[PDB]
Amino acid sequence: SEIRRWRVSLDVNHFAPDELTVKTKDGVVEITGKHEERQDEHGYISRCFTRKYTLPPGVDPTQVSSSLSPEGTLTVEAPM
């Protein structure tokens, strides 16, 4: 859930790969995770977030890549 090449960590454990999207516009990467209402152990839950990061100057927008860990941590990275 921090920022550390350029890379960002992020916890999205409650979201599935098809509920996440990553997009780059205007030197800004935008991360959105959305799931419609689904039953859980306690009742029904729907979640949504949008997270934006400004890309560092050197970074090429076309080279930015993303990968979701299977235990629910999303990383986004690029090199300069």
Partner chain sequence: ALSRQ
Second form
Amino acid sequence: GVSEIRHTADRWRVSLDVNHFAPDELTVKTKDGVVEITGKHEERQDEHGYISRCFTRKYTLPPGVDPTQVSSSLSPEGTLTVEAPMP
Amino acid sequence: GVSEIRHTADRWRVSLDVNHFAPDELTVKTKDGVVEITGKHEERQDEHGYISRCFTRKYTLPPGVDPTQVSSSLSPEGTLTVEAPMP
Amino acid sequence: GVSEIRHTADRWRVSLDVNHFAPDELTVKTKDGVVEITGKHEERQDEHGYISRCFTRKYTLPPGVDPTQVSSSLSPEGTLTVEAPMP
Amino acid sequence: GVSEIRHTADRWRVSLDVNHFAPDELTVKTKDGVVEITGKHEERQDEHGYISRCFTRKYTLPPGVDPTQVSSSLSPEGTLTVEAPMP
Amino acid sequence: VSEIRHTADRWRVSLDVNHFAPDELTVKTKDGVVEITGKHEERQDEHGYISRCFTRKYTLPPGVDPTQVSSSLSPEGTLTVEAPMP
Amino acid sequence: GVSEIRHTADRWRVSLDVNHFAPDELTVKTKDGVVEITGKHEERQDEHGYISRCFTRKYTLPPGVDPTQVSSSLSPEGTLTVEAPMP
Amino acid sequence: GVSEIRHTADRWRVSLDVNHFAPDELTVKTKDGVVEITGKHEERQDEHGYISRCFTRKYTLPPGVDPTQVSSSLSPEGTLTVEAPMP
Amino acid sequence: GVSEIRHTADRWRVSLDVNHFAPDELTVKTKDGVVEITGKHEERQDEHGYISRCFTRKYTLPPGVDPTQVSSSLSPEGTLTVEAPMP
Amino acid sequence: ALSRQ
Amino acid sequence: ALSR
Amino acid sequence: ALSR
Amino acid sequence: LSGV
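What about the form solved in complex with the partner chain, after the form solved without the partner chain?
Now the full complex is given, and it begins with the chain already shown.
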């Protein structure tokens, strides 16, 4: 959903609210200067009934950042933080 | 002769927020006494980058409801209302 | 992945799930009545991150199979089929 | 005097299925802020023929984690868990 | 079942007509309306001999060139009628 | 005298779903040992647009059935049954 | 059921045992002077476990038979009878 | 030292009649603790006409059985016996 | 299913 | 259900 | 690219 | 002789 920007002079960083998705339901790939985040969870009951969800969000990276140095981690509250050093 | 007032049948209803989706991107279908709402929109740009979304939510109708009488309407604020008359 | 073998009176055939390897990363050679299948791919992102893989698989053929008649082909879904006619 | 309660640092964690490999056939090392998980087993017979396997998977650690504090454990089912304390 | 597939650049609809062959379907546009008709003679299906006929109409958005309407039937019996948005 | 028990003839039966047609839009007729069922409804507005439908289906009766003993009944679910006693 | 031939001077008639198939799981079609009988049922529990079945059976008719006069019916014991009048 | 007498493990067994199918028309596979037996033969002439058949039957293995130790054998009479050793 | 705390 |  |  |  809402994405927060936490860039600094030394690190490229974004945080994404994905509270409906578990760690095994998210994927983060980096290719050709674009970070791609995909999520998909099967049908299950929430507070209102049965629902399934899927999404794909893409971020553009500044030029020259090593795609092998991108790290992603989900918090127990459901915040996905994607990070990488600046060139 | 005089005019007459008539009673009207109760109505079952549910409400759902779908502000990210357009009218041509939402479908309402009934199967075996179950209302199925599907939303899907292709990749678009937003404040943070590119995003695409999809979902399917289900509701079990009260017994006796005529599935051919289910209707829905989308408000300007992106709220979808689904209702049907009770027998 | 899974390996399925079927030996009939007219044909010998094995199917192998190698859905992480490209066509130019697989090799099939026959010698001394044994089929040798080797795969290797460099570092590459999958649904969990960067990873490289290698494997060697060997199958013993039935007597009399002509090694010049062994055919191998990879499907779009990543299944490698190696088969040979019986004498 | 009274007893004291203290907070404890979060933990970064990843899990990996490696049921094909024995304990001594797996290694876990850190270098340049990256965790390297390597598996490798020599040729051995199974229900189909003979098979040897190798793989190296990598993970970029979150910024500021002490690489000397990385630990791993392998369940009997065959899942390797790697974790480390956060700053 | 007339699955709508509209976008912002293309008006598109798909219709299930698995009991009809290509030469048994016709699509024509007139006065801002697309008309689809199917008809096939007596013929055996999974239950016995049967003949069928139908006519379906859709309203096009105003300003669609009727010469830009295309119709095609897939091998599984889906008829797709589409046109571009002006 | 004593009361008696008598056997009764079997019954031939077919069922056909005609949920799109109203009772007065269906006809059942027998000609030359063939049961003809015909449905027809005029142009009608539905969820997608306008629609008119027509069909004729035929069933061959077993030999010897009395065509004057053919009957039919339509359930609320829109299923038509056609029945006749066997010789 | 009973899988026997019961031809007479005035009627071509055959019976077939299909006790594992329901009426709606069988189809009889006549084309090019050949009767084609198809059966298929989904995986279901029987006295031994889960099982699915499918079969195609063909009979050759004598010349001159009108395919619109072919009758077929299933008894409660599971015998499918197909018959037609002789020219 | 002296020789030794050892007890042997019990065996699990099921039997199935498949006289309509040749050996090269049957497959036995184990997956997820379930044995899957498939038979399929193309159209051939028999005493009544032409016939093709297909079936798939399943059995649930007892807990603890090694799926790689499942074996089968076809008798001349057409009976297929599948067995495997118990823990 | 988690991720909601 | 089936026949039988 | 890879097969999958 | 030929959904969605």
